[PDB]
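Single chain ahead, written as structure tokens, the form deposited in one PDB entry.
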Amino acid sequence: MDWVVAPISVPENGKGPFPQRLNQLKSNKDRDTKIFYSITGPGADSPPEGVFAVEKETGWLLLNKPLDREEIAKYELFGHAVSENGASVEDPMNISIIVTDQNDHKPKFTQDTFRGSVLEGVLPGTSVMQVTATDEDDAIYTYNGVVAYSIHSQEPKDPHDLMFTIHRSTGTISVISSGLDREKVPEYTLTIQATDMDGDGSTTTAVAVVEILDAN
């Protein structure tokens, strides 16, 4: 029995030590001859050179230094086997290295202060504005690049304390209660937060300033 395709998943920023053994190659021609192994491709003999290597006799695939997914996320290499007589015995083998993500980037708001406005009359559920934070980490297979938005505080606290809400994943801010009155309170300052790992990681902070406009 065997795998049809077996890619090797390697976390970025590994401790090693280096050089670090990955998986071991084997030509089933072993008994008939002595085999010598080598590799080619971007990562081996094309740039970036010498990130990966092979032990010529044992067939161990080696990683020579820690990887950075944000720099290169995938490698496609080829492994070769030649007899002691010098003849390429079999087709070269496809080697796929998948670099898996670590949470090595903090989220960042696109601005320190976002600004929006809304009419004093509006219905609860009305969009005011949208805020945005970015995270360079993977948000598809991991949560490391997935951001959770929240409102930390509101100022002032009148009439109600919880006048707005923020959509947890889109960053759209909405009005959730009535009684907006420009004459009483013309401006609210919301301290907003974006936290990666969908709310369990690092947090960064910005501000949203909401102007209340007079409906005649």
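Positions refer to the first chain, counted from 1. What changes on going to the form deposited in another entry:
Summary of the rigid-body analysis between these two forms: the C-alpha atoms of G14 and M93 are best fitted by the same part's superposition. This chain moves as two rigid pieces, and the smaller piece turns through 22° between these two forms.
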Second form
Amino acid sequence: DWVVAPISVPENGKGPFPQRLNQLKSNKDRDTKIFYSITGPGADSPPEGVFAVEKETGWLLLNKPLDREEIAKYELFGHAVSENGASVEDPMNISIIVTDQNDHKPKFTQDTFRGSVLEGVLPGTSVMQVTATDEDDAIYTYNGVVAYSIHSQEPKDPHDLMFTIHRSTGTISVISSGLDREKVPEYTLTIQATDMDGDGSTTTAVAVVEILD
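For comparison with the form deposited in one PDB entry, would you give the structure of this protein in the form deposited in another entry?
A lone chain is what you will see next.
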């Protein structure tokens, strides 16, 4: 059968609302006045009233802004009933696909990550790994693709930039010589995660690196 195609709607629309999405129609409206209605989650069950349909015109409406991270797909049914009260079509599946906007900053899995490394390891040695997640799409876009960096290191002793971070994996490594527990037994690294693979919003956290004997 011919049916309404899935309707794609970006999250966070500015309106105005109610917003026309697509117009339902039964061709039995030639012979009879038709009253349209819709059912399903988002229409007549939780969350109720996100979508509506204009009874006589068959216009499907979105009544407010959508949030992909709450519900990314709605599955509704359109109905068509004659003025005398008989259903004149089998209910039609209607799908609404909510598409992404970059509206989440990255979120570190901890506020303070802790790791350790032996003084005197080779430059290039992995120390630890930090992680930030991002609720946004990372399949079709970079909205949810996190890039990692180190913002600063304290103390600046002996050299200011003792560590680096793999920009995609969040693994922190030693890139210099000169680790010495007796001189500096612990470093605090301000670490950052930025979405749009580096071009977007940035969140900050801390990694503390204990220098072992």
